[PDB]
Amino acid sequence: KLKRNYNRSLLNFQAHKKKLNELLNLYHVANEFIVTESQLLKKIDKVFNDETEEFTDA
Amino acid sequence: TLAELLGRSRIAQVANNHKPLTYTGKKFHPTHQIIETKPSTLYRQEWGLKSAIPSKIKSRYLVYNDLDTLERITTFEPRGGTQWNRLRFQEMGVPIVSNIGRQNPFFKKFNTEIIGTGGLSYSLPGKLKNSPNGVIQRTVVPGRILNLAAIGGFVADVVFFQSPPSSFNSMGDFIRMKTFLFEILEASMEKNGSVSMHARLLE
Amino acid sequence: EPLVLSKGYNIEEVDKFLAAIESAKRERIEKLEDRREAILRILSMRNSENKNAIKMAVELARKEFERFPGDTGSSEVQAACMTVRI
Amino acid sequence: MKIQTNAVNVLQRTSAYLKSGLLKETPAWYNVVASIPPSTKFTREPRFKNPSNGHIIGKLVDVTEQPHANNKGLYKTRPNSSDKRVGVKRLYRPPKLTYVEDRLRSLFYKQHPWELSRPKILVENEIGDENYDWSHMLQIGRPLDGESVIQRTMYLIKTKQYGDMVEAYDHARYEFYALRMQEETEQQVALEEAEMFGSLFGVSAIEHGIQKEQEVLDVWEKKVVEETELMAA
Amino acid sequence: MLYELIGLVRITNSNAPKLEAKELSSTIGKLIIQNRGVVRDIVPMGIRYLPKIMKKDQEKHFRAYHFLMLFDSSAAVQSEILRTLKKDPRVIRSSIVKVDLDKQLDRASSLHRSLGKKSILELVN
Amino acid sequence: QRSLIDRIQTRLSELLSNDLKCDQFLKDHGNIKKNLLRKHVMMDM
Amino acid sequence: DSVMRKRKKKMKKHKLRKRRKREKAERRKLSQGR
Amino acid sequence: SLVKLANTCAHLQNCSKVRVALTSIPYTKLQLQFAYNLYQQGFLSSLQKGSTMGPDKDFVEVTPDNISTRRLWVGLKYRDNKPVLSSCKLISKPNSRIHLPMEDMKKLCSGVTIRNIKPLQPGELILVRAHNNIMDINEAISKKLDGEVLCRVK
RNA sequence: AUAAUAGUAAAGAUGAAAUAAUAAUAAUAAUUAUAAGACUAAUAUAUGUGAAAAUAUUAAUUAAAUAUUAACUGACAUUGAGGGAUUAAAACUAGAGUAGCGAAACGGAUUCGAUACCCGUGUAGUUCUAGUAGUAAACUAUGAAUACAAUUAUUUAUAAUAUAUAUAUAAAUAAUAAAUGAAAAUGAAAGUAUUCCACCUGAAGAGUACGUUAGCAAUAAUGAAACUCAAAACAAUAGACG
Ligand SMILES: [Mg+2]
Ligand SMILES: [Mg+2]
Ligand SMILES: [Mg+2]
Ligand SMILES: [Mg+2]
Ligand SMILES: [Mg+2]
Ligand SMILES: [Mg+2]
Ligand SMILES: [Mg+2]
Ligand SMILES: [Mg+2]
Ligand SMILES: [Mg+2]
Ligand SMILES: [Mg+2]
Ligand SMILES: [Mg+2]
Ligand SMILES: [Mg+2]
Ligand SMILES: [Mg+2]
Ligand SMILES: [Mg+2]
Ligand SMILES: [Mg+2]
Ligand SMILES: [Mg+2]
Ligand SMILES: [Mg+2]
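Protein chains in written order, with the UniProt record's numbering: chain E, 177 to 234; chain F, 2 to 109, 195 to 233, 244 to 299; chain G, 85 to 112, 128 to 185; chain C, 1 to 233; chain Z, 1 to 125; chain W, 179 to 208, 218 to 232; chain L, 78 to 111; chain S, 2 to 155.
Just to be clear, a hint being listed does not mean it is correct.
SDA-like, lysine to any residue: derived pairs with alpha carbons at most 25 Å apart [what the hints assert, rightly or not]:
#	chain 1	residue 1	chain 2	residue 2
1	E	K177	W	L223
2	S	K50	S	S2
3	C	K110	F	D269
4	S	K94	S	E104
5	F	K28	C	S106
6	E	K194	G	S174
7	S	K50	S	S87
8	S	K78	S	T53
9	C	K76	G	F167
10	S	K90	S	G112
11	F	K27	F	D269
12	E	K179	W	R180
13	C	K84	S	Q14
14	S	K18	S	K155
15	F	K28	F	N233
16	Z	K30	E	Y182
17	S	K144	S	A131
18	Z	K103	C	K212
19	Z	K103	G	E136
20	S	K94	S	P27
21	S	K58	C	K212
22	E	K222	Z	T12
23	G	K91	G	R184
24	F	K39	C	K212
25	F	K109	C	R180
26	C	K59	W	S195
27	C	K41	C	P95
28	C	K96	C	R85
29	E	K195	E	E213
30	E	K194	G	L89
31	Z	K87	Z	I47
32	G	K91	Z	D100
33	C	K2	S	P84
34	L	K87	L	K98
35	C	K49	F	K213
36	Z	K30	G	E136
37	F	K28	F	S41
38	F	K213	C	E175
Hints were generated in silico from the structure; no laboratory data involved.
Given only the sequences and the hints, what does the whole structure look like? Please build it.
What follows is the structure in structure tokens.
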């Protein structure tokens, strides 16, 4: 029974750890992500006004 | 036990492979273990394989993949050209040395890459070869120009003082017919296991 | 409910985790708040699929009915799990 | 193919004939076949050991026999799916014979491609007669090859001079190399000697090769000219 | 829910082609953010010629400016974004398509994944 | 929990290994014999 | 049923259909009001 | 159970047909008893407990940890190009289970068709369950046990 | 289909021909430009997926779906009369829609005749929305479930191996052994066994009549008897024939 309880709990813990890691990764990323208007405008300027790194293949 | 004997025995000794017997790509070294018979054993069609081999084969050497297949025939090819290339190379007597400044691998988890040469030459570079006429400085070998030159079972890069027009331009793409002499300078060996010879055309 | 999250997350726990990360970074504001908001939006129920919501409901039902924490096949809990799907 | 009753029950069928009087005289084979009976028991017999390895076929590792935690730290408390399936076909299908030496052989010829070009006679001489002490590589009846190396490696492993397999293999390889170099030097010097003392070789190997190429080229040329003519027309 | 977008915008002005595209990107991004959404990346693509002379209502187009917007939203929000795209006269072809987050959370655009970079972390680094 | 699981098993294995030791351990405490040993181990941990 | 055997059945079915077509007005008369 | 018994009989027949030597059976009490009865009459060469993978060399006690993977290995028997255990037809089928008194069993033994059973044959063995113990029908008669006529091997 | 452009006498059709909303009112072909419906080239193997009908242009939404592990439940299962739901094509009732195709009808051929096969106009119909109805060679002409039995080759997925090798599993597909079978052949079932349901008992008459129920209807289900024969049917064989 004890062994079975451990097995049940260990997997859950691992899953929790994975979820936390994923969250951490998302947080690390999220400086690039946009919510506000000003950030969106800045992103647009970076993309369009620079005239650099247009994804076109050759 | 029987199992131990089987593991020891001469068919177990031939390391298995399912590489093509017909490979039209670039051949830099032997693909398959060459297998010879004696003349007596050939006469009664026995090669030391699972089955008898067809009486049509009169060559003593061959190469194989499968002892027996679903088609009820051993997958073989009656040819052992690779031994003759090695023997030609030995005759030429140009010792293979690594052009890169490195120690000779034969002196002192697993690495599948080719340890120095593949074993076509265990010759050492420091020797001279005397004869009645004297000590041979320049190794004279006959070869054929293709367009590169075929020199004793190896293709080799070639150089000369002046490009001779009389021999070349008379027969532009039948240069393979006429055998020319060559002075082999040195033989280097690359990572892929290709022997990169370098010759010089003599006239 | 308003600050409920998908993907087996909990909003209180997420905030605490973010705070811990911040503390670790300091050891080794507006922007940080914006990032946190973005994360919440990503992990919110209302932006996620219905499937996640159903899964959450099933989990809740299981928690309610389980005659002990380990059991998930309890005839009653099975029935409860069926009900949410139904 | 059904199990034939009538190939092995020959003496019984003849004994009946003899009893009847259909046969007046007994065959020559009759007494002999009576003395030495056929098998007549055409069974599928199960096998419990792989002979090459010495692995056990029949047994099943239990839950109680695996007390400690698994990879990914989970304790086995139940039989898995495969532990419930009735593995009878494994007892009957003949075992795939595996050897440690096969891997070494494969490695050697990868490392030494041109060792494949050394021709190999597979027609065995008396396997019982041989008696090789693998203290050294050079055995008498056997030639020098990758096999001899591998045998040396195995001997080293057995004796525990080199506890590790890889080190033993390397050592065997290094023993081989020196011998090969010596062999190479022997032939060259013998050739030199022959040249010095007025020996005459009519056809050298390279000359032979050139001659062989020449015939093929001649065959090609006539054909190629015909093909060019065809193309023109 | 991470939805990728591909809009092929109009380019009326010869000298300054990207302006209409930029405006479109602004507007749709604004919509997304007003509506609980989170635009992750706005990958530009080149002024690429169309395969055929593609035509909107009472117009014709042979060249267009292409871009990907890789945003999060609800399903209803996305559907409505799609509708607005369909409605507007300054886009030729529009296409929203889902990016599945059952396994991962960080997922780059389709182009970036094809190149090699699975997550946006890889792109950043 | 994992450490607890380990300790019970390792002790039991040790008990199984040594027969003379096992009887002495049982006396100190106070198939059937094996079960009793296991129970004692559980009580200890 | 082989095809040959089926053909008798088919023929029967056709005849029945024909009979029904013939006796449409009669059937109608019989059906209504009784 | 009786369905199980029928399945094992069918399996035995199949194995006799193709000439396998050593055959697995499910590990139950009734099944074990049946196998033991066959062994004693002389239809099986061997009978031994074991895993799902093979027969066991040493003793292994059967518990909830093992029970699902446990199995009853059984050696089959052949002589002069003919299998010993030719047939394994059962009599009491799951749907029409038949229970004879001692008199009926005696009659069966002495060549009388009863309840549509062909009476038992020269080299045959009718097994009989009586208070959860499988016996020969002759043995049951001797002991005087009114029992379920289980099955029939030849 | 309509319109414009320029352009010239045939065009379209067929076995060969004609009739026609064809063409000297300027067509057909060509190039443009509008509109309208309905269909979905390759990939494709219906591989696969679906209970079966079905199901291959793209996207989104919601639903359902595989395997292996971990834990839990503790025989809760199988089959299933009656019953229930879904059920191609045609058909029907409404309201839209109607390009192409196309029962019928009319016309031209063909033919001794031609209520046909071919050609031309082409209405119902085919399309959508809401329903009715519950049948098809609705077929694998093979009800569902479980246990079991000898090989090989193909793929597919799973695990280990020291990511690309040779291995162990399953799953399907294709050849078979045995076994079964009237044979054709079936081949993990048409084999060995167990369980449950449906159904058959000579051919005609007949899935007809009468009756009942259901339907807007066409019809669907249910389903007799008299009368009359020693017939009637299947697998395979050898011919003759095309
Ligand atoms: Mg029939
Ligand atoms: Mg079905
Ligand atoms: Mg298609
Ligand atoms: Mg059912
Ligand atoms: Mg269809
Ligand atoms: Mg219809
Ligand atoms: Mg209508
Ligand atoms: Mg018509
Ligand atoms: Mg309906
Ligand atoms: Mg009908
Ligand atoms: Mg029907
Ligand atoms: Mg169909
Ligand atoms: Mg057969
Ligand atoms: Mg049968
Ligand atoms: Mg077949
Ligand atoms: Mg009636
Ligand atoms: Mg009817």
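Which numbered hints fail: Hints 3, 6, 16, 18, 21, 29, 35 and 37 are the ones this structure does not satisfy, whereas the remaining hints hold.
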